[PDB]
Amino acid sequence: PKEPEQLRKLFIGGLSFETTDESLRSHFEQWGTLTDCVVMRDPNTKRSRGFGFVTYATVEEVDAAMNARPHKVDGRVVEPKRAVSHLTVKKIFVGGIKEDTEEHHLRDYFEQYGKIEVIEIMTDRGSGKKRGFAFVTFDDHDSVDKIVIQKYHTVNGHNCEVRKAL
């Protein structure tokens, strides 16, 4: 069936106050079918609040829209983000990797979510032994947002716990 609607929405911040439901839709329809598209406005003045949201038919369409950033909508670069599960960060904690998980295990898996800048496999300050967790830093927050909404992460045969970090 259909992916949950929450996972198909993009919050668009930084809109030009002249962007309308129609111009936001015409822009974002380039990357998929939009089932919803709304500019948020003041209830009394009708003046734009400078943000809005679009809902795609599928998660792959959300991905396509995010991969097409930066988006310049009505002359202004906007800020799309997936809906809250916003804690906008570029780093994840990866736990449950035990002592046999290496850098290449984490890189080969996580590189398909985004461009990796740092992998830090955590070791004991006294003994140097691996502690069984790591941090991965990406160049952009959407990688992290995709990662943390998955129910499961399997890396090196381990079922891992993944959370946003700082």
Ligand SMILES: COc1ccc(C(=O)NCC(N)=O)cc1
Given for the second form:
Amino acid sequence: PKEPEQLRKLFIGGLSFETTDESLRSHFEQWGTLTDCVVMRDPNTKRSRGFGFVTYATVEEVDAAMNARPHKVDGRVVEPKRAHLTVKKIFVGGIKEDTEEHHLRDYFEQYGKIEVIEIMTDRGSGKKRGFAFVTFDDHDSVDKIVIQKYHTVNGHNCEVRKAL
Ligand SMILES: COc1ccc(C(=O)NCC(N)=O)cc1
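Alt. form solved in complex with this ligand, vs. the form solved without this ligand above:
Starting with the chain above, the whole complex follows.
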């Protein structure tokens, strides 16, 4: 059973206009099997639109490629992103009053490097409100997080979405 193809694609922005299907493929095949690899071009001039996409055989290969950033392709640092609202912060809801910072850290640190954990408390009483924000050092952590169907933190089934 193959993962859905949409989850195996990387949009690559900021390409050199000299990058071709072939040179983009030669670069990104270092991190996995590519089932597709295309540079977007103008239909009339064939001049590069400066972006393209690659599709890996598995999600683990996408992960490998993203963990190998920054990618310098044909002399230019490019901008890969998963199949964009490009943010580094998530909202985590449904954590109730018993969820602590270490619960969130221990779970989310395996998605990316955490810079801020903010457990929300009531302005008047100081009681926990049952949600939190986590800020990572990079957007791919968030992109991996929000495409999961489920997140279980401290026994709670949480709602997780991109924040601001
Ligand atoms: C700092 O960014 C991170 C931080 C952690 C991970 C992680 O645990 N996953 C392993 C993997 N091969 O993808 C991946 C990326």
